[PDB]
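Here we start with a single chain on its own, the form deposited in one PDB entry, put down as structure tokens.
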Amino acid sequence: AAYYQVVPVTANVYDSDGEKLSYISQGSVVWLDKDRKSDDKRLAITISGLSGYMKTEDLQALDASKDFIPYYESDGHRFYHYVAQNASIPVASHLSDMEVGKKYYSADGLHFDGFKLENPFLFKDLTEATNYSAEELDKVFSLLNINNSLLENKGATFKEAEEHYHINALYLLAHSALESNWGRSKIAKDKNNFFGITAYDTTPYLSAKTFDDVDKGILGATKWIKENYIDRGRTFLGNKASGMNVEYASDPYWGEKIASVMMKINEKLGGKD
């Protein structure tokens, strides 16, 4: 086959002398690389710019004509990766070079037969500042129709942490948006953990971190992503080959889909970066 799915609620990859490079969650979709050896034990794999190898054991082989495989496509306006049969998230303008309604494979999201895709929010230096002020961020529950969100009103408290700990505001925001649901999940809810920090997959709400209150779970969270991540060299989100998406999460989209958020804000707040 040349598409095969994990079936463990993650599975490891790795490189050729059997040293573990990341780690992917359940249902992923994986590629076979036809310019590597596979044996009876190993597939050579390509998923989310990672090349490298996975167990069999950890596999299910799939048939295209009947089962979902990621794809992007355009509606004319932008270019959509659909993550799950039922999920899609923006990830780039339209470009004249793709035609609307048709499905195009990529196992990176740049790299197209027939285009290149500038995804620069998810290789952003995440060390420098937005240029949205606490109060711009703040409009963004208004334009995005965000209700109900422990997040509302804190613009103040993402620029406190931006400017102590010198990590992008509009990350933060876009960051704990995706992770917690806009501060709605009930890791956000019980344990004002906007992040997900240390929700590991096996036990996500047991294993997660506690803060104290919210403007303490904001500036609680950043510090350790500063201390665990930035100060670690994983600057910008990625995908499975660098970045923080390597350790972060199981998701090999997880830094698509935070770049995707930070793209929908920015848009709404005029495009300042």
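So that the term is clear: the rigid core is the largest set of C-alpha atoms that superpose within 1.5 Å between two forms. Numbering follows the first chain given and starts at 1. What changes on going to the form deposited in another entry:
- No residue of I89, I146, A199, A107 other than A199 has its CA displaced by 2 Å or more between the two forms when the core is superposed.
Having seen the form deposited in one PDB entry, please provide the structure of the form deposited in another entry.
Just this one chain is shown here; partners and other molecules are left out.
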């Protein structure tokens, strides 16, 4: 087979020494890499920029003529990644080299056989501030028809977090938008946790961290991201090879999804970033 799917809740990706490089989610589709040796115990695979090995125990072969395989497609305006059969995200502008309605395949969403994408928000240094003001960030709720968000009118708090912790406020808004459905998830409402931060704070079990109010949620999550990611050399969203996505999420397209939201917000607010 050319394509395999991850069977368990998560599975590790290893290097040739057997060292753990990253982990990926159930249902993720990996490509067999024909330039490296596979055996019955481990397959040489690629996923989200990462070339490594996975245990055959963790994988199921797919048939591309009947099983969903992620792909990219242009509508003539934007280029979309189908991350699931019924879910696409805009990743780039249409290029003249793209045939509209043709499915394209890529292990990193950057290199295609007939064209090359810039995904600049995916690799942007997150310690550089946004050019959007608090009031501009606050406008995006109406421009994207975001209703009943706890993050409505919190632009000033995002900008405070950016001033204090030196973490891009557009990124913070986009990350919170993706992880908590714009501060509308049950975890957002119960625990003021907009960024999917888990800890062992209140229960003997792994649970969403609790923050006291919306502002302390935004500032506390930013502090946590600074201390656990930025300060430890994960300074861009990235993918399974580099950046925050290596550790932050099993979803191999977590970084791409947040970059997509940054792209959409940036377009609606006039392209300052």
